Amino acid sequence: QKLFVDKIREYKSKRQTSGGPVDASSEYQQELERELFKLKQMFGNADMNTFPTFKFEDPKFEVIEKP
Amino acid sequence: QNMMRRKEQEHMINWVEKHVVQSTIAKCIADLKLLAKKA
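Going down the list, the sequences are from chains L and K. Going left to right, the first sequence walks through residues 40 to 106 as PDB author numbering numbers them. Going left to right, the second sequence walks through residues 162 to 184, 193 to 208 as PDB author numbering numbers them.
In isolation and in its complexed conformation, chain L is listed as follows:
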């Protein structure tokens, strides 16, 4: 069953990634950069890793009594 030994050996090889922060991708950064950039720029443009700040506006008004 070469299929099964293939599966188990590749599982043991991929789980061997504590040494490989990406497990030897050696590419796909040129696209991951754009993917995450677009994901950010559609979610927003601030530092989305920090706590949000909040400005609070207040409504307008007018004279109400008889002029």
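Derived by calculation from the structure, the hints in this document are not laboratory data. In this text, a Cβ means the ideal position worked out from N, Cα and C, and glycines have one as well. Keep in mind that the hints are not guaranteed to be accurate.
Facing chain K, a subset of chain L residues (Cβ under 8 angstroms, in silico) [claimed, not checked]:
| # | residue |
| --- | --- |
| 1 | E49 |
| 2 | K53 |
| 3 | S64 |
| 4 | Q68 |
| 5 | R73 |
| 6 | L78 |
| 7 | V102 |
Using the hints provided, position chain K relative to the given structure of chain L.
Okay, now just chain K, sitting in the frame of chain L:
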């Protein structure tokens, strides 16, 4: 986070396949055995 869960899962799923390709007549004898049990 989940997107990275996908991007690395989709890359690790192809690497392992393009990796086993370089990897014995035991399979052929097994095929005749599999064919022997064909009935």
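Original post:
Can we keep the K53/L interface hint, with Cβ of chain K closer than 8 angstroms?
Top reply: holds, 5 angstroms
**OP:** Answer holds if the nearest beta-carbon of chain K is closer than 8 angstroms to that of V102/L; otherwise answer violated.
**Re:** violated, 54 angstroms
Original post:
Holds or violated: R73/L as interface residue toward chain K, Cβ cutoff 8 angstroms?
Top reply: Where the cut-off is 8 angstroms and the nearest Cβ of chain K is about 12 angstroms from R73/L, the hint is violated.
Original post:
Holds or violated: is there a CB of chain K closer than 8 angstroms to the CB of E49/L?
Top reply: holds, 4 angstroms
Subject >> Interface restraint verdict for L78/L against chain K (beta-carbon cut-off 8 angstroms) >> reply: holds, 7 angstroms
Subject >> When the least beta-carbon distance from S64/L to chain K is tested against 8 angstroms, hint result >> reply: The hint holds - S64/L has a Cβ within 8 angstroms of chain K, the shortest such distance being about 6 angstroms.
Original post:
Going by Cβ atoms only, is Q68/L closer than 8 angstroms to chain K?
Top reply: violated, 10 angstroms
Against the hints set out earlier in the document, violations occur for numbers 4, 5 and 7.
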